[PDB]
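J.: Read off the chains here:
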Amino acid sequence: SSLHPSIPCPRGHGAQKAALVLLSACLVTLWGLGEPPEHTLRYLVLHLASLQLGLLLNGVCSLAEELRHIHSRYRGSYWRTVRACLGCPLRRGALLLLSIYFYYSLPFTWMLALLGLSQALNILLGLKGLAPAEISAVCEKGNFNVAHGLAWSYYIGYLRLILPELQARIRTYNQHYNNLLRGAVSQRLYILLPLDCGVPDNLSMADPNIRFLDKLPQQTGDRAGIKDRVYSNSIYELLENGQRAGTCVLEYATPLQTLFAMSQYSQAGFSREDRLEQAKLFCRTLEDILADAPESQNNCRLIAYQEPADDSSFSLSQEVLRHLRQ
Amino acid sequence: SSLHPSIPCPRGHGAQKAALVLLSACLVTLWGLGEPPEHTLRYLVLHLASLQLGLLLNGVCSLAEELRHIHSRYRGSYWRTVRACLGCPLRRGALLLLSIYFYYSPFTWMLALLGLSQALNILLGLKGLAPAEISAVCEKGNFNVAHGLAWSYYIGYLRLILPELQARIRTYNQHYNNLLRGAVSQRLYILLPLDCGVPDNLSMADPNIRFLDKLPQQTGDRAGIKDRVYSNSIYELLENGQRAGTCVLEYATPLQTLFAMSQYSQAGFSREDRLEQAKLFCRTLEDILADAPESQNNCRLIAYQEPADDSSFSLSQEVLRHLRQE
Amino acid sequence: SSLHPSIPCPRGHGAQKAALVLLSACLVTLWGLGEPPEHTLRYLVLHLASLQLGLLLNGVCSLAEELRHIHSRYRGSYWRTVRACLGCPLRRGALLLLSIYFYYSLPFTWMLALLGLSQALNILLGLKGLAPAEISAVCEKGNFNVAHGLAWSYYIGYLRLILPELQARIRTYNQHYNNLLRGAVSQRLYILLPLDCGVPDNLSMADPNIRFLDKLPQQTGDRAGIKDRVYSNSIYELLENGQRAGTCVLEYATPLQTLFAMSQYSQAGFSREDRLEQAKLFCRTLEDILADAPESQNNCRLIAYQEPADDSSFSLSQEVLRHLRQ
Amino acid sequence: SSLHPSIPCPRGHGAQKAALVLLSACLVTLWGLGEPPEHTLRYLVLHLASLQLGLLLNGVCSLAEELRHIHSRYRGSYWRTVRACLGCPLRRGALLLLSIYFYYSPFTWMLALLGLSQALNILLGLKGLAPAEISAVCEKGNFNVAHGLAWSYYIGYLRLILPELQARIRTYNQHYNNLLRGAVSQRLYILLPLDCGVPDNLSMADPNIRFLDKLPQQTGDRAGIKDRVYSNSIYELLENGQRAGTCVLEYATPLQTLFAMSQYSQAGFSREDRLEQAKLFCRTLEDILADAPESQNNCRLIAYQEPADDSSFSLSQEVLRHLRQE
Amino acid sequence: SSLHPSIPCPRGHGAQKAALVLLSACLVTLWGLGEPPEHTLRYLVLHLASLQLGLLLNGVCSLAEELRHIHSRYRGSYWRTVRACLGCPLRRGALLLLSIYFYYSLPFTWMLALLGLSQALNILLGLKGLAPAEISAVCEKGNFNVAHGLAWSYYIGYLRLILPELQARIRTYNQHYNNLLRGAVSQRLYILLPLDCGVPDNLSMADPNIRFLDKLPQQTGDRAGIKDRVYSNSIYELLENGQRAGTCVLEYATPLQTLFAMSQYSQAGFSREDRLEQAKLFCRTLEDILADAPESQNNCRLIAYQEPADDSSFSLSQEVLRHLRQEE
Ligand SMILES: Nc1nc(=O)c2ncn([C@@H]3O[C@@H]4COP(=O)(O)O[C@H]5[C@@H](O)[C@H](n6cnc7c(N)ncnc76)O[C@@H]5COP(=O)(O)O[C@@H]3[C@@H]4O)c2[nH]1
Ligand SMILES: Nc1nc(=O)c2ncn([C@@H]3O[C@@H]4COP(=O)(O)O[C@H]5[C@@H](O)[C@H](n6cnc7c(N)ncnc76)O[C@@H]5COP(=O)(O)O[C@@H]3[C@@H]4O)c2[nH]1
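So the sequence lines, in the order shown, correspond to chains V, X, H, B and Z.
According to the UniProt record's numbering, the stretch in the first sequence is residues 4 to 109, 116 to 335, in order.
According to the UniProt record's numbering, the stretch in the second sequence is residues 4 to 108, 116 to 336, in order.
According to the UniProt record's numbering, the stretch in the third sequence is residues 4 to 109, 116 to 335, in order.
According to the UniProt record's numbering, the stretch in the fourth sequence is residues 4 to 108, 116 to 336, in order.
According to the UniProt record's numbering, the stretch in the fifth sequence is residues 4 to 109, 116 to 337, in order.
So here's chain V without its partners, still in its complex pose:
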């Protein structure tokens, strides 16, 4: 939200207000007409009970398929494999008893046969699907994305490991290896987030002004059974109108390159328009992660930019220098 305006805000409570308005409208419409109050209640109760009897058939149909993986997903317990499909077997049983009592006392098997036939037609023809705007809410409320996992892996593997040790290297470099004639490299490690999934291997391209300057001292650790895992960084110069203007550290994000490469392979099943919404979500998730980390923005900065379609004299140098202003 605060990085770039095109980042969507989290979904809120907007359907509920529309539901309230619709409820009030239908209630006043019922009041304006002539019909007994008891008949409306009875019909509403029957409709509600039918909508609940229409889910047990779907649950049994789903169980008829889920029972084949009892030894692979539900250990060996029938209680778990029935709880995974038919909600909770305690509320559901009472609801079933009440529904059958209200449906049997108020041609009885005819309705059962018709409900079964309708449910079978719905499940076979596939009429009961999910809208694209509802999947995007169910898979975002429950964290069912790829960007969430990528952001958490990035944080855990890189930021939780180099950020505390960042100052101890730059401070030593600025005195031992950096000449007093050259300006000292700035703090606040900078990460660039191109909202296009285009991550060049080298930073020299796409901007003829930034040039590779020097190295940084490396650090060593033990991870996942492999020792001497070396982390190294680099420093780039900023040439403004042909003359040096400042120095900093520029970083891309490898997960963006991974998202870009996913859209090309056929086995991935990743569409071209998915790697854009995931790219948008990744930045928000990473910013949220960094907001409350103990190693806060005191050592890092984020830069998000969208490449103009008309090439309105856009240059990375202007953005990075404007960031270096703060």
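Do not take every clue at face value.
Only pairs whose alpha carbons sit at most 30 Å apart, straight line, appear in this in silico DSS-like list of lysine-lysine [said to hold, decoys possible]:
(1) B:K150 / H:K137
(2) Z:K20 / B:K137
(3) V:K137 / X:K137
(4) H:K20 / H:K289
(5) B:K236 / H:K236
(6) B:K137 / B:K150
(7) V:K150 / X:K224
I should point out that these hints are in silico values taken from the structure, not numbers from a laboratory.
Following the hints, position chains X, H, B and Z with the ligands against chain V.
T.: Okay, now just chains X, H, B and Z with the ligands, sitting in the frame of chain V:
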């Protein structure tokens, strides 16, 4: 279906078979009863029309939410919003027209009742999804963290280190490794525990694993980072105090990420989800490496489960077993 | 209440005055309408009696579960099991007998079945819960917080042990070890309570002026099976506009660090919006405890501060000096 | 569940089973009696609506108290106060609007009676909670003293000293310990008396306990204090006057805090609450240490209950047993 | 309770069971006669309302006096006086407001005048008093006894100060001045609790077989502005049929001497039956206090004895001797 018996198989079509059995039973029961089919046809058409109108009302209520995110999610276009909320404007309109044309088969009273019921369902949250259906749609649409983690792993590590492993092994064996020392074999062995407990070093939890020597590095450039390094390790296997063989051992860092996500509260990632994604990650790697150009001829996958009773389980014996049939 | 304006005051009697106003209004309304005064009394009695016959059903439903932990919670007493669920078994028995007499003489079996259905549906569907502002009163009236235990632990373990002997160390240091060139360290050990639970390890950070000077002679004791438990403190200087202003003894409060760290683990079940309410309650409990302690405020000072979000030129040195003025 | 049989198990689902049995009996009784179901539906709906109106009136009465803490507890917002007192404004509004519409199934007279009865309940204190319901809500929501104490213990002591215990023990054995003296085993032993009577030194309560020597210290910086120190001890176990072995012993200090909280009158802490919290603290530590990375492989828990008849209970045997099956 | 059979046990719930039996009998009797339940309920309501209106008049009469000590007992607040006299002003106000409505709709000023006369006659004549068996109940419930204060004073002033150091004092006396030729002084200080409050000054009297041998090393402390307060004890020996049987550390209980001496002065207002009532409650409270103290029963416990009415050759030497036997 070969790495471990506990890995589940993809879902089949048992739901369709259960649906067909239910449809046959309903048709037989209706045939047994005495009634003309015209009434059944009329009632089925009315039920389908009611379901269509309910879906339309639900979509209309949902439309009130995404209209505030139009400038960021769906762009300034007013058509993509309705296309996402509904799915197909033309088909939806045709279906609505067909459904409302059969009103001749107190007319607004039914519409008011349907609206009232739909608003109640929206407000009270009675239209939730069982976990067995959420998992099904997520697996169908590739909405798992494990899928993204596996693809990132394959693109970033295996696709870069697999081709050069043979050359590195041969050069190490010729230049440094002696004839007295057992020659390091090919087919890099990857350890994939289905518990996500990844120790920092292999020396612990197995006294018979000892570090032997390192291996030459490799240099590359990625995401603007100059001179990215990669490293490996060589470990020796001891059998009753005597050496039995030598190979190259590795864990899976994404398993470490999956384990670490479950402890933080901001990740919102549970404990059983850890096991389920752990089991799915190995399946995804097997599927990806099944037809990868750098196929299984260059690396082997080992999946093991720690026994609950701790019946003297040794990883050295496990890896030696796969070493025998190398 | 006197530390910071943000600290809440104890809950009082406002619900009682609102209840009195509602009682008067409803009494006047009843007087203004036309109905026999006997009917009002009879209906009020019947309502009050049904609300008491509807509590034994809940009590028995609870006692169906409380009898499984008899040997582990209630020794072996059937009398003490029914005393934890059903209040007191004498007043309750008399109330039951009177309720039956009143409800039986004023289709009697019909009402019992309806009460049973209503109570069972309340228990199953969960319609009878607690608002967040009634739990917050019932668990604060009876001292059911985390901050209560943490504050009493802090007192008992630290301040009941070091405060009385704080004079005999400062006095010895000031004259044997403190040079006459340096100003004497002031009395009244100062405690900082950040209402953010963000507790840095070293005091040099977060304010570039306070700098570590030296230590104090330590004291020892034997506690809980460990002998020679060591307590030590430290002395900090306050540099004003480049020059020294005074000296004091500075401490954070470690239970705040515990409250912060609890909110990041997943098994804690302790939210990010809770460790601010508890942080504001811990300070109140400490102030109340130290108000009446014999080792009173003549030896310690409390400083509560909330970090501005806009960075309104806040410096801890200014607040510490302001309190040192007195 | 293994530490001692007296430790309770977490609450299950007996209330729901009893509720189902009660609902089934009520439904069967209603079927046995002769009456149309429409009356049952009407009366059930009316009862539920009256309950909802009563809850709303109670919420409005409670709102008269939380509006004088707006600038301290709920921030400058008027919506959080209502959300806390009521719970869900949109759902509450829908439920109220649907509830009052069913009055058509002297109308202000019933509202006056409901208000009068609710005011009587508030004033006279007739809606209190039995202790076995307060206990249930507290244990569900983690509103215990022992929860905070156990998490404080784990974060402040064990998570800091457990990794280095092996190194300290090994250095003590190599540098100082002789071969003639028995080797001190691993696995720091923690005694958890479920009586909160913690003696100052173990030389009392068992003549067979003799202090042998100390262990090398540990040093760190925490909360602005320079060089906090940690220390442990080594004890010798005598069998019939002869040495049998050695171990590293400790009590649990939070038990001492729990005991000392119950003597003061300001704490408001009873003498049965002490035993309940003491038996809950052990359960919480066992849960925490079950899945920690520094698991039970470095420490052991010993819970013992002092016999009432004093049947010659010797703590040395209790320690020696676990030493045997180490 | 377990100290002597004569010590009473705290009151429980017998009035409540009698109340349930009475309630059930009254309910059955009402069911056994012909009368509409409407009358049976409205008469009960009127009875309760009249009782509440009477309580308020009594409270106002009391407030007319309690408002005079306003600057001495209730600081300066007109509201704490009302809180002390008339219970709680909100519940009481609600009960008033509800009581009027039922008693005004169900000759209305006449009944108010009759209630006023009845309440004034009760206050003046004194018909409403308290039986001596419920004053005792409320005093014992709220801890309004002389013996409560005396027992807590005894504990806090003496035992909490000397019990921990008794072991060191005994040990030093044993290795320094005590010879192994004689019996070593046993541990576990013994306290005698005569339930007659007759405490003689010197233990040599009232039993010729108790003779005083030696003192004990002193203990010194500072208390309440007095420098160097000192404590000392004495050691006694028990002679069996002319032969020494053992050695103990004997003591009476001084608060018993205070309870006895308080009953001779006429200004104290302390009777001779009250002395016996309090002497059996001081022991109960002291044992309850010593049961849950860290300086527990391992350092000392009590010995209660009642002098026989017939004087059947009592010998407290036998009692202390048998306690010595049961110690081992
Ligand atoms: N700028 C930069 N410098 C680094 O050294 C570095 N190392 C990792 N990263 C990125 O942070 C995250 C950490 O990945 P993780 O360890 O969880 O899984 C890693 C790991 O399983 C494997 N892998 C990558 N590099 C190595 C390596 N040297 N050794 C072993 N495994 C490796 O491939 C996965 C993804 O790596 P990248 O897809 O290139 O980007 C990573 C990743 O997004 C780095 N980014
Ligand atoms: N600044 C500072 N210096 C101290 O010496 C100190 N000692 C205690 N405290 C804090 O006061 C309270 C009393 O500690 P307690 O013994 O009751 O529980 C302690 C105790 O059970 C255990 N523990 C801590 N330090 C030791 C220690 N050296 N040895 C044994 N156990 C220890 O871990 C619990 C929590 O310790 P902290 O969470 O770091 O904060 C403590 C605590 O809140 C201190 N605070």
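J.: For every hint, state whether the structure bears it out.
T.: Results of checking the hints against the structure:
Between B:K150 and H:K137 the alpha-carbon distance is near 16 Å, which keeps this suggested pair within the 30 Å criterion. For the proposed pair Z:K20 and B:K137, the alpha carbon gap of about 25 Å is at most 30 Å, so the pair holds. For the hint linking V:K137 to X:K137, the alpha-carbon distance of about 13 Å falls within 30 Å, and the restraint holds. Between H:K20 and H:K289 the CA atoms are separated by roughly 28 Å; this keeps the pair inside 30 Å, and the hint holds.
About 21 Å separates the Cα atoms of B:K236 and H:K236, which keeps this hinted pair within 30 Å; it holds. Pair hint B:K137 plus B:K150 holds up; C-alpha atoms about 21 Å apart against a cutoff of 30 Å. For the hint pairing V:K150 with X:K224, the CA-to-CA distance comes to about 46 Å; that exceeds 30 Å, so the pair is violated.
Hint check: a violation occurs at hint 7 only; the rest are consistent with the structure.
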